[PDB]
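Quick setup: one chain, the form deposited without the named molecule, written in C-alpha cells, and binding and motion questions come after.
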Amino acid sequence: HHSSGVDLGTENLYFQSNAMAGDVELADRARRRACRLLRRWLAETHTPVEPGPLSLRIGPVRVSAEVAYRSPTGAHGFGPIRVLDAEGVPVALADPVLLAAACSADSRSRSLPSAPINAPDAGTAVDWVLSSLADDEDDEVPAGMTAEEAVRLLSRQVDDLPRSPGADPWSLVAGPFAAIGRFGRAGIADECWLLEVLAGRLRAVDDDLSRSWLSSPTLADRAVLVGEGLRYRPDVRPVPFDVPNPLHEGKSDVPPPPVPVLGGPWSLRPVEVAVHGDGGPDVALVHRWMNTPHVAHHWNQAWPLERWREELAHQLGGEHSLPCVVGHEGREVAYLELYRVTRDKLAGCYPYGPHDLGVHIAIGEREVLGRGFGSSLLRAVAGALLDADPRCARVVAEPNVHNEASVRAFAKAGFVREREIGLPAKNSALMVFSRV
C-alpha cells in the first residue's frame, strides 16, 4: 500500500544496494575519462604544466585542478577537476562530456570558420565521447609492478616498433611514451629514468627511425581535440602535430638573436633600458604601445610600466629574445621581438633547425600611419635576419589564424603557411620564410 513508490522488503533493498556498489567504480571511470581529455587538451595546446594549482579557460568555462604529479610525458596526475564561476567559486565537477563540450566549443572557436573541424557534417568531440561510453576500458598498471618488470615490458615494446620504412613516426609517442607515463603516474618508476632506458634501447637499433627519434628536437603525436582538420564520424579522425622530444638535449650553444640591418626606408635598433631610475624612454614607448587597445587585443600584454621595464631588461640580459624599435623615415613606429626558436615556446610546435629565428611585431604608430607598409617591413626583417645569421635556415612567425590582415602581410612578404599550430591562448598559422 504505497502508490507513489514500491512496497519495500529486504530483498528489494538488497537488489538496489548491490547496484549502488558499482557506482564507485563508475565515478572512477568518469574521472579517468575527464583526465585523459585534460591531458590531451594540455598537450594539443602546448600549455605549460607545473606541480601545483592549474587554472585554465576552456571555451565557456573556467577549469581548475591541482597537478599532484607532473609527468615528463604529459601523463599528469590530477586532483578533482572543477568548474569555476567568474569569481572563482566551484560550481561543478568537470565530468567527461562536460570537458568534451567545453573543449569542442574552444577548438571550433580557435580554428577558422572555413576549417574542416567547422564543416556542418564534421561532428563534434561530444559525439565522440558520447559514442565511446560503452568501450572496454583498458587495464590499469598493476600497482605492485616492479621497476625491473617495467623495463622488461618497455624494451619489448621499443624493439617491436616497426622501425622500418613506411611505418608511423607517431608510434613512439603512442606506445613507449604512453607506457612510460602510465608507469610514472602509478609510481612504479621515475619517468626520466625510463626515458634514459628507452634512449639506449633505440641506440641498439641502427635503423633510420631509431636515429631520428634520438636526434630530432620534436616528435610526431596525434591530436584529437585541437586541429582545423579534425572530424568525428562520430569516431575521431586524428590529425598529426609535433610535441617536444624529451630525448633531445636541453640548452644548445646557439648565439643570441643577431641585430639585423634593414634596407629601404626602415631602421632598427635594440631597445635600451637604463638601470638608473625610470628605465628610459624606450621602456615608456613599448609600455605606451602595449597598453593601446589594438595592440593588447593581439599581444595581451597591457602591463604596468615596471613590469614591462623588467621584461625588456630580462630579454636583453638573456639569449632568447631581442626587443627592438623600428623606424620608418625618421619616425619610431613599431616594436619587434626577434627570438631564437630553440629557446622559445615555438620549439615544441614544429621540427625547427637550431638557428631558427622568429618575429613578433606590434605596429604602434598605425594610429595615423601605414597601408601596404606591413608586408614591406616583414620582408625587410626576414631577409636581413637571413643576411645577419648565415647559419639560420628560416624565419618564422605565429599570427593568430583569426588575425587575417597579419597572415596576409606575412604571405605577401614571402612567408608560406606551413601548418596550423595549437598554442595556449590561440591557434596560429605557422608562417615560414625559407632560405634558398
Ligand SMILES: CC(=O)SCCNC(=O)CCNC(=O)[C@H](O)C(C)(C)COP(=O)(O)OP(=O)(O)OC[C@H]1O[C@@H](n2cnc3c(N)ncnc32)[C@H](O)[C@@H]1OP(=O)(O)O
Contents of the next structure:
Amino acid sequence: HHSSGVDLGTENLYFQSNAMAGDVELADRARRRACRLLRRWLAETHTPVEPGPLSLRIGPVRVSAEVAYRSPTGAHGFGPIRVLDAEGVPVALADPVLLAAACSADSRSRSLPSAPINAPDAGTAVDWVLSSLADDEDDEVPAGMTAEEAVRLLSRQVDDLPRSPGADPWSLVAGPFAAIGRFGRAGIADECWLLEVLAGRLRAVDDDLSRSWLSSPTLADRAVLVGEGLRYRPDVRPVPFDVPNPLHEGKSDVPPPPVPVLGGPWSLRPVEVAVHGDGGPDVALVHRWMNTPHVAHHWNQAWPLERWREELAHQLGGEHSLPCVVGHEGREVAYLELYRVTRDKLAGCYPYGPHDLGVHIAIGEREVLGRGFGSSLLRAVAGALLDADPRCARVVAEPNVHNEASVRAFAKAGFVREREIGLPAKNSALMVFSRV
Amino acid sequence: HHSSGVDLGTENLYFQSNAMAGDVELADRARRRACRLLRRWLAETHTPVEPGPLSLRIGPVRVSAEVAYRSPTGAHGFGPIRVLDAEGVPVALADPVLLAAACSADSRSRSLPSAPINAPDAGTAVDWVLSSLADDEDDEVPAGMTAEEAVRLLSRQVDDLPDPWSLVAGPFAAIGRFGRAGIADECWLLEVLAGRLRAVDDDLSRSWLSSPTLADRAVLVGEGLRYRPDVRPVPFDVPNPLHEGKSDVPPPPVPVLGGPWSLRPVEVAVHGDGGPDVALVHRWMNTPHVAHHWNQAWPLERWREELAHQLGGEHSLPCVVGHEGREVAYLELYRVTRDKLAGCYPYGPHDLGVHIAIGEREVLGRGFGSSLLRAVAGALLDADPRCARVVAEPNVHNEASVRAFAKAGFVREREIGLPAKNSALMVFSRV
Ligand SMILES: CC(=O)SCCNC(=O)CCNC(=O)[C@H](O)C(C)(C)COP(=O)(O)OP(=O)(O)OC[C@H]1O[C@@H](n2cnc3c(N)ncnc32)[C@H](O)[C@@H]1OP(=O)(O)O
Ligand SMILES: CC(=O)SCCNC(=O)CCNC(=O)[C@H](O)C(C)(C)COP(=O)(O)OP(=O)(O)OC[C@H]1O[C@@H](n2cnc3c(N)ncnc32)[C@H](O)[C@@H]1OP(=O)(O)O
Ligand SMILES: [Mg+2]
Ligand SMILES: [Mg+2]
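Would you mind giving the form deposited with the named molecule bound, to go alongside the form deposited without the named molecule above?
Next comes the full complex, this chain leading.
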C-alpha cells in the first residue's frame, strides 16, 4: 500500500510516541552539559560574570545567554545559550558538542603552537565530550531539600576531606564548593551563608590544610578546557589552576602603588589629568600612543580621547593603578601602569602576596624604538619598585603568550615564566620578578 | 533588590519572550541541518536505507532514527535522530555539530594516514559546520506548490544543463525536495525527467540515461576532502535511479585454474555439523590474520548456515583453493550486480568480484597470493565471455592485499565508500 514509508496502525504510533516521550529529557540533558561547559569556560578564563546579559566571543562564534542566577562559587544559572551572527541575529542553540568545538577552537588558539594541547596526538575537548555522552547522569539536587539537611551534607562532606599530608588541594573546590553551588542554583540555600558555615567547619580543626584554606587568597581548581598542558587521550587529563578564594577578606589596608625613582637614562612621573578642558597633553600623548597600530594590536585600547581622559582620572583617583610617563634621555617614549595585584584581575589567578606590584608597558615611539629599550626599562622599574616598597615580594606581569616581544623583553629583564594563565581575552605568561 | 539576579518587571519578560519565540525556529534549523548531514553520510558510505528504523555506527557513537520517507534520490525524511548507548538506551539528540564530529572521526579513520583529509593542515567538517552556522539558509520548498509547477520548474532546470555531477546536484536535488515536501511522487518526477533527456540526443543525455551510476559530490567521505573553512568536495558514484538493467545475469561461474592450482565449490552436508568443508573455513576464518581482516571469526554453525546460504543463491559462490594438493585458501566469487559494490562504480552486468583469505599462510605465505589472484581472474574471464571485469574491494588500509592484487594485474582505480570501510577498488579488466 505504501512504498516510501511504513503502513500505519495505532500500534506503530504507540511505539513511536513512547520514544518521543523521553526526547524532552534528552533535551534537558544537553542543556545541562552545555551549562556545565560554559561554567568551566568562564571559570578557567577568569571571565567576570554578573546578572543579566552575558555576551561572549568563543573561538569562531558569538555566544550569548542571560545570567539568571549569578553564583558565588561559579555555578551560574543560565537562560538559553544562543549563537549569534556578526550583527546579533541568533542562528543556533549552543549544544554541548557545539560548545566543545568552539572552546577547543578558542583554547588551542589561546595557547602557543608548540604547546602540548596542540600536539598531533593530543586530542580535543570535542573527543572528550563525544566520548562521554553515554556516561552516568549525576543526580541533580532534590528541590525539596532543606537548608538544615544541606548543611548536614556539607558538614559531613567537609569532614571527609583527606586528613593526609599528600592530599589534593583542589579537593575543597571540587568537593564541598561544587555542592554549595548546586544547592544555591537549586534555590535551596544562600551560597554566602553556606560558605560561612563551611568556614566554621574549617576553623574547628587546625589541620595545616584546613588553616591554609582559610587564609590563602586563592584555591586550587582543575581546568579541563583552558591550559597548554591539557590532553584528551580518550578522556581529559586535567591541569591545575588558581581561582579566587571566597573564604578570604575582600579589601585590605594595602596602600596605592608607590611612585618609584628609576636609575640610568630613565625618568618616570605620574600622568596629570587637567580638570579643565579636554585633559591636557598627558591625556593626549596616551591617547595618541594607544591608537597607533603597534600598541593597539596588543592593548586593544584604541579609544577616543575622552574615554582615555576618564580612565586616567579614574586610575589616579584610586588605590589600584598608577599610570606613568617614562622618558629616555629627555624624550618621552613609554607609558606604564603600575598596579596593586590585590585590586587587579591578576589576584584571582595566582597565590599573590598582599603587596605584589605589577606592570603594563607600551613603547609609543616605536616609530623609532625596539632596540633594547623595553628590557632595560622593565629591569629598572622592577628593582625600583622593590626599593620603593620593602613589603612587596614580587613584581609581576601578564603578557600574552603570543606577544613574543613582550615576553622576551620581560625575561631579559630578569622575570621568570612560572606558568601560563587563562585570562578573559588571552592566555598569558605569568612573568615574575622576585625579591632578593 | 536581588543580589544574585535582576529585578523583574513586565518589560524584562517581554524582551525575553521575543527571544524564546524564535528559539523554536532555532530548533528546526538544527534539525534540518542534521538531516542534511545524515543524508550525505548515508549516500557517501552507500549505507542501505529502507522505511522504518535505521540503526547505524558513526565513529564513536551508535546513531538511530526512524525513516519516515524513503527517497529514490536519497532525500529521506527522518524522525528524531538519537544517540544510543551500548545497550540501546538513548542518551542524546544528534545535534548538527555532534554529527559532523562523529562523521569527521569516522571519515578521517576510513582514509589512509597519507590522505589529504588527514593532513595536519586539512581542517575538519567540524570547522565547516561551525563556519556555516551564520549562513542565510536556503528556502524550503513552498508547501502549497502544485505538481504542475513542480514539473514546470524541473523541465526548465533540466533544459539549462550543459560537468557530470550537474544532474544529481541540480535536477535530482529538486526531485528530492519536491518529493520530501509531498508535492509529487519522485518516481513520477524522475520519469518526467527521463523524457526531457530523451528529447536531446547528445552524448551527455544519452550517458545519463544508460549508465547504472551517476556522479555526485561528497562532503564527508573521501581521501581528498579539504575544509579550508569551506568544503572542497570530491566526486563519487551513486546509483542511477533512471536505470534498471535488463539483467538476466546467471550465478557466478566455476572457473578452472591452470598450473599448480585447483578450485572447487564448497559442500555443505545435511543434518550433521556441516561436513568437513564448513569446519575448514571456520578453522581458517578464526585464525588471527584472517579474522583481523574479514571479521568473520564466527562459531561453526554460523559458517555452516553462511555457506549454505551463499550456495543456494545467485550472489556468491564459496570455493576451496588447493595448491599442489594442499588446500590453502578460501574464495568468494560474486556477481557485482547483486553485491554492495553495484552502487559504487559504473558496473557492467556480468562483472565478477573476489574475496580471498589464505588460511595456510601460516605454512604457505611465500609469494603465492598474487599469483593465485592472477590465475583466478583470467579463469573467470574465460568462464564468462560476457564479463568485462574482475574486481575486488580490499580495505584501503589493507595495503598488503592491495599490493598483492596490483602485482596480479589489478589496477587501484579509486577509493570508494562502503558501509563499514573505505576500499581500494581493484579492477582486472579485459579491456
Ligand atoms: C593591558 C595589556 O595590554 S597587558 C601589557 C603587556 N603588553 C605589552 O607589553 C605590549 C606592548 N607593546 C610593545 O610594543 C612593547 O613596547 C614591547 C615591550 C612588546 C616593546 O619592547 P622592546 O623595545 O621591543 O624591547 P626589546 O628591544 O628589549 O625586545 C626584547 C626582545 O623582544 C624580541 N623581539 C622583538 N621583536 C620580536 C618579534 N617580532 N617576535 C619575537 N620576538 C621579538 C627581541 O629579539 C628581544 O630579544 P633578544 O634578547 O633576543 O634580542
Ligand atoms: C570482505 C572481504 O573479505 S575483502 C576481500 C579482500 N581480502 C582481504 O582483504 C584479506 C586478504 N587476506 C589475505 O591473506 C590475502 O590472501 C593476502 C593477499 C593479503 C595473501 O597473499 P600473499 O601471500 O601476501 O601474496 P604475495 O606475497 O604474493 O603478495 C604480493 C605482494 O607482496 C610481495 N611479496 C611478498 N612476499 C613475496 C614473495 N615471497 N615472493 C614474491 N613476492 C612477494 C609482491 O611483490 C606483491 O607486491 P608488493 O611488493 O608491492 O608488496
Ligand atoms: Mg494504514
Ligand atoms: Mg519583580
